[PDB]
Amino acid sequence: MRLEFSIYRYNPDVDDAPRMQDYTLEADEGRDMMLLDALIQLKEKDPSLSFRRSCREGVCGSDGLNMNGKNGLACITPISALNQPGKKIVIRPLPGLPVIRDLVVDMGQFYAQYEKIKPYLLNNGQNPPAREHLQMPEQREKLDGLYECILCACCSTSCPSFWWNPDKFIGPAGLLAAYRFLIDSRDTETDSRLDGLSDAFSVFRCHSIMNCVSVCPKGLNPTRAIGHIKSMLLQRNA
Amino acid sequence: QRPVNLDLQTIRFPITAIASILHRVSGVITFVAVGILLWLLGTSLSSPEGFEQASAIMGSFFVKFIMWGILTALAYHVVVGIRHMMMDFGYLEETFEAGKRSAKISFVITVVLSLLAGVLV
Amino acid sequence: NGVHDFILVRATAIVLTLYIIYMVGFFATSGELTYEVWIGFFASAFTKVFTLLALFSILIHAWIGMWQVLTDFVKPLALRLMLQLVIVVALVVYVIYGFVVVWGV
Amino acid sequence: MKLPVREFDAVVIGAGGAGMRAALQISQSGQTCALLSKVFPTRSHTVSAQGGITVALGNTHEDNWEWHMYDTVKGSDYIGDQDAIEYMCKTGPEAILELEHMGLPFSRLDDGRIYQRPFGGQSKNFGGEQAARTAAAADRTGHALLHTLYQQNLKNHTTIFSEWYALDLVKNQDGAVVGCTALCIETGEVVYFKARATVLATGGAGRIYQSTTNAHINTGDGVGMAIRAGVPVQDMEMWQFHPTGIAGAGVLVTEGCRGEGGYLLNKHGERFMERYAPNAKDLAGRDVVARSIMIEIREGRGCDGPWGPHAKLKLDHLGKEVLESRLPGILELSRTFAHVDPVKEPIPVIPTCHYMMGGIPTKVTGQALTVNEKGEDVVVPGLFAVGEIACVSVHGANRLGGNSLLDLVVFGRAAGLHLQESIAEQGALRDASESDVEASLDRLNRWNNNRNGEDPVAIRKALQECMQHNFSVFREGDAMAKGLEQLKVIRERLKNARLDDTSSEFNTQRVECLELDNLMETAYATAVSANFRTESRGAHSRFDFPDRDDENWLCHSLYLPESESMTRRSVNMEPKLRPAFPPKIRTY
Ligand SMILES: Cc1cc2nc3c(=O)[nH]c(=O)nc-3n(C[C@H](O)[C@H](O)[C@H](O)COP(=O)(O)OP(=O)(O)OC[C@H]3O[C@@H](n4cnc5c(N)ncnc54)[C@H](O)[C@@H]3O)c2cc1C
Ligand code: HEM
Ligand SMILES: CC1=C(C(=O)Nc2ccccc2)SCCO1
Ligand SMILES: O=C([O-])[C@H](O)C=C([O-])O
Ligand code: SF4
Ligand code: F3S
Ligand code: FES
Ligand code: NA
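Protein chains in written order, with the entry's author numbering: chain J, 1 to 238; chain K, 8 to 128; chain L, 11 to 115; chain I, 1 to 588.
One chain only, chain J, in its complex shape:
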């Protein structure tokens, strides 16, 4: 069976602006493949097509794309979930980020917000443990749904508030990470952290639009995380 794709192209050494190019691929009828299988093959036909990928199993976060209007990972989105009668499969870069080339976006700003929330354990060193820090399975439970984040950018690049203020609003991904250290029982710097999220933009630009949740390839929920952050901010500063 025949598949058609409309794929975003751009090279600054060649292209004046970005353009949609058409592609056809002969696929096995009885087999279903992933979008990444299709992209890999299209690069055998057209070597100039550039895109990120690694793990091919939806763990590393490399191949976040806007597919038929919605963010996801190519490596885990089946062709069958995209393919419709008489309509092309429309592949475009993640929204709101500078396009480097074709389907590759400069993740700079996405990382920079991540760095801004101090995503590392901060333990003052007082009452140090004999061996490992002791964490009851109860408290470790609070990290589930937060530490699994793959920094794929799907959520943030689907958040309007992030579009409008990508360098002032932390974004869903960032805020998820923030909460990952806010409730870690091994992190002692909770107050210090909160005091750095009290301004108008860092956290409060989130308006529960909920684009973040619907797109997360790992089914996490940044909304609920941000909810708990706001909670703590009121608890502290109100």
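What the hints contain is simulated information worked out from the structure, not anything from laboratory work.
Where is the CB? At the ideal position from N, CA and C, for every residue including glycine.
You may find that some hints are simply not true.
[Stated by the list, open to error] Going by beta-carbon spacing under 8 Å, a handful of chain L positions derived as facing chain J:
| no. | residue |
| --- | --- |
| 1 | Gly12 |
| 2 | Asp15 |
| 3 | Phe16 |
| 4 | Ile17 |
[Claimed, not checked] Okay, derived cross-link-like pairs now, DSSO-like style, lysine-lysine, Cα gap no bigger than 30 Å in a straight line:
| no. | chain 1 | residue 1 | chain 2 | residue 2 |
| --- | --- | --- | --- | --- |
| 5 | I | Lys267 | I | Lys312 |
| 6 | I | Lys90 | I | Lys124 |
| 7 | K | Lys111 | J | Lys218 |
| 8 | I | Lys155 | J | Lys168 |
| 9 | J | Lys142 | J | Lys218 |
| 10 | I | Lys314 | I | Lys124 |
| 11 | I | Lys314 | J | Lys218 |
| 12 | J | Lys87 | K | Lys107 |
| 13 | J | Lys218 | I | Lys312 |
Following the hints, complete the assembly by docking chains K, L and I with the ligands onto the known chain J.
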């Protein structure tokens, strides 16, 4: 300088995202509406003649329309603002499923109020 | 700061909701809207107070709201501060014009 | 110099688990250090790691680092250097506890300590009852580890050159490695990273096979680079085929499945592992469990289906509550790539190419080794290697599950701890001339000039197929000699292969071409090696020499890149803190 993909037509938006953008618009409308509604109130109170003039304004079909719109936008902003606030106090879940559901129930509650606003006008 | 903005919006929202309940309440239970029952409702102290209270609430609530909206879309500084000037003045006008209407009834 | 020169005390090529522990450790010792990576550090293959880290913490039960040393030496089929395995197993506990202090989110026992699960080839009392010493975070342990080490390199303000592809090592006129040339993927700029220590941490090379658990980025880059610089590789024939890769996909399900109580079934519903390994059963050594599944299929007792030939991994008996808590990662992996729900129905699984036991020979310090004309070891000044690209060797002929993550942390950290003594020991090194650097660029220039040659796609497909057929779980001298003949052919084709995309702004084609060169030297080094070793040890399994030959092959094999021949190196059997374990017959 580099290009970005921000063509809003090339992007799917779920129902909660629509619900949100309409809350933002409905707010901006309701802002201008208060001035209009105050100006109308001012007239309808200044003298017995002012009031008759305001009933006459309200009689115009074109006004009845703008008035119904104004009250529809307000009714929306309130129902979808109460949804928002309920979420903020934990009365609604913050899962994607509980989001879609309450958004729809917000559209239904709004239409009902929009009709009753049509009746009042 | 951010937390302050968040509480003020939601507080004024509650006040304004109670006011709307009160306005729609009267409107849906009065029948014929004669000049005399209209002015009678708006000459009542209860109504005058709740109205200005509501007008102050719109000052604060709308100002924050408008600010949020403007800092998402109006990027250049000059133009943004001009629009805020207009927007604030407008809201201040709303409260003052409100004071004029109801003091004179 | 007509190239930009960026000088550091140390250049770490690779930001996987081992690169990042090393970079972090070099950096805290007050030396300038550049961390390179062809992907963003957290996309490195380590993220895909699942089961956990094997280490005698002794939380689940009382444990002893010597028992773990025993398990490993035996596991290795007696060709793992025992001084090194001793260092690793003993240092282990402190080295891992360090990560827990870095914030790594380990799962927990009821009393608050790090969760440890049972895993392949783990026993109390030197070969006794089944132990549980694989510390884990659900089955996302590699993810947990990598992200923690990235965060730690963020905290510590490490200079990270994300998305730069290392081309080749630069040698001065004394035969010392003094950095490497690298291509910036984003911009196309080519630069010379000058250093007194060049640390290769470029992971494995699963992509020389047709079916592999490895990420697309595992192209044996460090093997290529080292071979082209005339640095020998060692034990390249030892290729771990993980028992439970998903049938028809290659995506790994963890050994922690069997460790949590899951077991392998054949078409008749017989738990065939009880026959193949009566003591350890399904938690036997990986090379043994591997072959056991293949013998089962190879004799008609495997099952088929849409997945191809496979054995079943039954998990449903552990209950929803335990699967969704302890193994939720394979749950998603199974549903996605096998269309099978492990809570209801067994996962289809076939041994898949997983881990490269071979690599660049090293001291515990991380210093890279070569041999002189007499066969003795000499240090390669200014070159180091850690992680999967290293052959320390702590794994010998078969690696234990959860011992690779330990490898990364322990030797990564060790390479950093010891870097100052290592630089002082090798003395100052002479500057690279402009021709020395130019030589590193020869490989890249060839591709940038070849417009009309061969399609590299077909060259790759040829390569992987050749390995799959001729150098798999089972091997014979006949097929191996023919396999090597075709590789000489394919390697010829590659010298005339064409680069089809000419651009500079993020040209992924150029990279994937350069990768192919590395796939070649790695497949070749493996092929020449497997032919040379006329015995059956660990993962290496010949029909024509089915016996373990402790009298001729109790050694490492060494591929010499200049003369393209083979030779041997001593296994080390002098631990410092206990007597060695003597070789005996190894059965599970
Ligand atoms: C699915 C899976 C699960 C596993 N689970 C476990 C487990 O539970 N326990 C265990 O002990 N082992 C496990 N392993 C084994 C594991 O693969 C490795 O031991 C380990 O994770 C890789 O370590 P590394 O840092 O040396 O390599 P990698 O993590 O692959 O790092 C390679 C790095 O080198 C860089 N690089 C490569 N080429 C170049 C170049 N030329 N120039 C510049 N940089 C370059 C890359 O950018 C990358 O960052 C697992 C393996 C797989 C495939
Ligand atoms: C009566 C006059 C009112 C005016 C002029 C007004 C106007 C506005 C404006 C301009 C905004 C900007 C929000 C955005 O950017 O989307 C806003 C936000 C908001 N409105 Fe109002 N509104 C009024 C009444 C109400 C009422 C009664 C409620 C009760 C729920 C309400 C609920 C909210 C909430 C919760 C927000 C901010 C939501 C968020 O920050 O996520 N509004 N309003
Ligand atoms: C920033 C924000 C909104 C917005 O700007 N979103 C948006 C949606 C679609 C198109 C443009 C903007 S909607 C509710 C409040 O939060
Ligand atoms: O089973 C796994 O998760 C993986 O294959 C384990 C090791 O140890 O490498
Ligand atoms: S929450 Fe999900 S979509 Fe967002 S960056 Fe993390 S893994 Fe990606
Ligand atoms: S996409 Fe943005 S608005 Fe809040 S819940 Fe969502 S972060
Ligand atoms: S390829 Fe790594 S997640 Fe898609
Ligand atoms: Na190795």
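Quick rundown of the hints versus the structure:
no.: 1; hint: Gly12; result: holds (4 Å)
no.: 2; hint: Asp15; result: holds (6 Å)
no.: 3; hint: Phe16; result: holds (6 Å)
no.: 4; hint: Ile17; result: holds (6 Å)
no.: 5; hint: I/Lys267 with I/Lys312; result: holds (8 Å)
no.: 6; hint: I/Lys90 with I/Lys124; result: holds (15 Å)
no.: 7; hint: K/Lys111 with J/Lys218; result: holds (26 Å)
no.: 8; hint: I/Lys155 with J/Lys168; result: holds (21 Å)
no.: 9; hint: J/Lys142 with J/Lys218; result: holds (17 Å)
no.: 10; hint: I/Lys314 with I/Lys124; result: holds (26 Å)
no.: 11; hint: I/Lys314 with J/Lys218; result: holds (25 Å)
no.: 12; hint: J/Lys87 with K/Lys107; result: holds (27 Å)
no.: 13; hint: J/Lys218 with I/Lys312; result: holds (27 Å)
Every hint from the earlier list agrees with this structure, and none is contradicted.
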